[PDB]
Amino acid sequence: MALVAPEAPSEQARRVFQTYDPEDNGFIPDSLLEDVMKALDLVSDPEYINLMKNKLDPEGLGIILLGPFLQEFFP
Amino acid sequence: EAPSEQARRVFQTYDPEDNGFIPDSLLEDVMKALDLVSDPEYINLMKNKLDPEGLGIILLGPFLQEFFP
Amino acid sequence: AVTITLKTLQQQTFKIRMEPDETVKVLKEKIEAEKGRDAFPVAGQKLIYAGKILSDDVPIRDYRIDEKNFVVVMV
Amino acid sequence: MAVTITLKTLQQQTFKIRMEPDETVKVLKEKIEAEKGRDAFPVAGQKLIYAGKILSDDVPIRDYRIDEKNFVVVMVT
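Chains as they are written, first to last, in full-length UniProt numbering: chain A, 314 to 388; chain B, 320 to 388; chain C, 2 to 76; chain D, 1 to 77.
To be clear, the hints were calculated from the coordinates, so they are not data collected in a lab.
There's no promise every hint is true.
What the hints assert, rightly or not - No more than 27 Å apart at the CA atoms, straight line, and that leaves these computed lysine-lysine pairs for DSSO-like:
id, chain 1, residue 1, chain 2, residue 2
1, C, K26, C, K47
2, A, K351, D, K31
3, A, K351, D, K53
4, C, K69, C, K36
5, D, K69, A, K366
6, D, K69, A, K351
7, D, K26, D, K53
8, A, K351, D, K36
9, C, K8, C, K69
10, A, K366, A, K351
11, C, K69, D, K47
12, D, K31, D, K47
13, D, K8, A, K351
14, B, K351, A, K368
15, A, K368, D, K69
16, C, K16, C, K26
17, D, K47, A, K351
18, A, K368, D, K53
19, D, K31, D, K16
20, D, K47, A, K366
21, D, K16, A, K368
22, C, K53, C, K31
23, C, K69, D, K26
24, A, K366, B, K368
25, A, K366, D, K36
26, D, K53, A, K366
27, D, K36, D, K8
28, C, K47, C, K69
Stated by the list, open to error - Okay, the calculated bits of chain B under chain A, using three or more residues with CB under 8 Å as the criterion:
id, region
29, 346–355
30, 360–369
Stated by the list, open to error - Distance ranges between label pairs, derived from CB positions:
id, chain 1, residue 1, chain 2, residue 2, range
31, D, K16, C, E30, 29 to 37 Å
32, C, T4, A, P359, 24 to 32 Å
33, D, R62, B, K368, 34 to 42 Å
34, D, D58, C, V73, 51 to 59 Å
The beta-carbon is built from N, C-alpha and C at its ideal position, and this holds for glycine as well.
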């Protein structure tokens with residue numbers, strides 16, 4: 314198991330994201346961003362997550378779309 | 320509220336630098352988020368309508384005209 | 002519509018095309034059709050990407066293999 | 001080959017640092033301290049975040065593949 318090739322981080326993130334999106338909306342509510350970043354071992358300081366909410370959702374739609382999420386964290 | 324207004328906001332979210340266009344690789348994402356048909360062949364056909372010259376980008380203007388006439 | 006570059010331990014290089022959703026197991030099958038079951042039987046194949054072993058049941062898209070690097074096929 | 005790195009603090013400030021791609025994160029922190037002061041941005045208290053990950057001092061900045069239209073977040077701890 315030590316030699317087993319790992320999933321690409323972007324593809325692990327895609328899997329997590331779809332899991333938090335059981336209705337396949339293509340997005341999550343921005344209230345779930347914290348949970349998704351913690352599940353992916355990303356920095357989860359509250360003020361940092363609020364900067365990231367604003368970077369990802371500049372139009373204020375209240376949602377995090379998959380595309381922008383992967384683009385910021387797993388380009 | 321006109322569905323075109325929300326479409327513009329969704330499109331701008333995929334274009335945070337305000338280029339006025341997105342890579343055509345994200346057309347599928349945008350159409351999905353807007354509850355538009357996303358069969359791969361339909362996507363491909365509308366790609367060619369919106370980007371007839373093969374530049375690889377989707378402009379906002381033509382996008383809104385195709386899906387919100 | 003992706004292209005994997007393969008090196009053998011005899012300094013031979015070659016290209017296999019598959020769809021992103023096709024698994025490593027199908028990559029092995031295509032290698033066998035291309036190089037022969039005598040020398041590259043699917044059962045004896047180990048595919049090594051970046052020093053780790055690819056897993057049969059995993060779709061190839063999941064490794065995000067850049068067409069820059071190669072996969073080594075060992076028997 | 002020089003990259004211009006935009007930095008954002010989590011109390012709402014922004015500034016820019018020029019540096020060479022082979023120079024390490026440690027050098028980036030040193031440039032941030034010269035730019036913003038040892039008082040409020042001492043090197044040892046700096047924690048730098050890119051793509052949701054903490055940057056490590058000994059790593060050449062090019063390894064993080066920083067995009068000029070993006071930014072590094074600076075936390076002081």
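Taking the hints in turn, this is what the structure says about them:
1. C:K26 <-> C:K47: Answer holds: C:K26 to C:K47 is near 10 Å, not above 27 Å.
2. A:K351 <-> D:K31: Roughly 30 Å between the alpha carbons, so the hint for A:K351 and D:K31 is violated.
3. A:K351 <-> D:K53: Judged against 27 Å, a Cα distance of about 12 Å means the pair holds.
4. C:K69 <-> C:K36: holds, 22 Å
5. D:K69 <-> A:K366: holds, 17 Å
6. D:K69 <-> A:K351: holds, 25 Å
7. D:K26 <-> D:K53: holds, 16 Å
8. A:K351 <-> D:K36: violated, 30 Å
9. C:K8 <-> C:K69: holds, 13 Å
10. A:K366 <-> A:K351: holds, 14 Å
11. C:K69 <-> D:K47: It is violated: about 33 Å lies between the C-alpha atoms, which goes past 27 Å.
12. D:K31 <-> D:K47: Holds, at roughly 14 Å.
13. D:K8 <-> A:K351: holds, 21 Å
14. B:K351 <-> A:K368: Distance of about 21 Å is within 27 Å: holds.
15. A:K368 <-> D:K69: holds, 12 Å
16. C:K16 <-> C:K26: Given pair C:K16, C:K26 holds - Cα atoms ~16 Å apart, limit 27 Å.
17. D:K47 <-> A:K351: Roughly 18 Å between the alpha carbons, so the hint for D:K47 and A:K351 holds.
18. A:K368 <-> D:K53: holds, 16 Å
19. D:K31 <-> D:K16: Roughly 10 Å separates the two Cα atoms, so the pair holds.
20. D:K47 <-> A:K366: Since the Cα atoms of D:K47 and A:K366 sit roughly 20 Å apart, the hinted pair holds (cutoff 27 Å).
21. D:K16 <-> A:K368: Roughly 18 Å separates the two Cα atoms, so the pair holds.
22. C:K53 <-> C:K31: holds, 20 Å
23. C:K69 <-> D:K26: violated, 31 Å
24. A:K366 <-> B:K368: violated, 34 Å
25. A:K366 <-> D:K36: holds, 26 Å
26. D:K53 <-> A:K366: This hinted pair holds, its Cα atoms lying about 16 Å apart.
27. D:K36 <-> D:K8: Cα-Cα ~12 Å, so holds.
28. C:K47 <-> C:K69: holds, 20 Å
29. 346–355: With 3 residues close enough to chain A, the hint holds.
30. 360–369: Answer violated; 0 residues pass the 8 Å Cβ test.
31. D:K16 <-> C:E30: 29 to 37 Å: violated, 53 Å
32. C:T4 <-> A:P359: 24 to 32 Å: violated, 44 Å
33. D:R62 <-> B:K368: 34 to 42 Å: With Cβ atoms ~41 Å apart, the hint holds.
34. D:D58 <-> C:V73: 51 to 59 Å: This hint is violated: roughly 30 Å between Cβ atoms.
Of the hints listed earlier, those the structure fails to meet are numbers 2, 8, 11, 23, 24, 30, 31, 32 and 34, in rising order.
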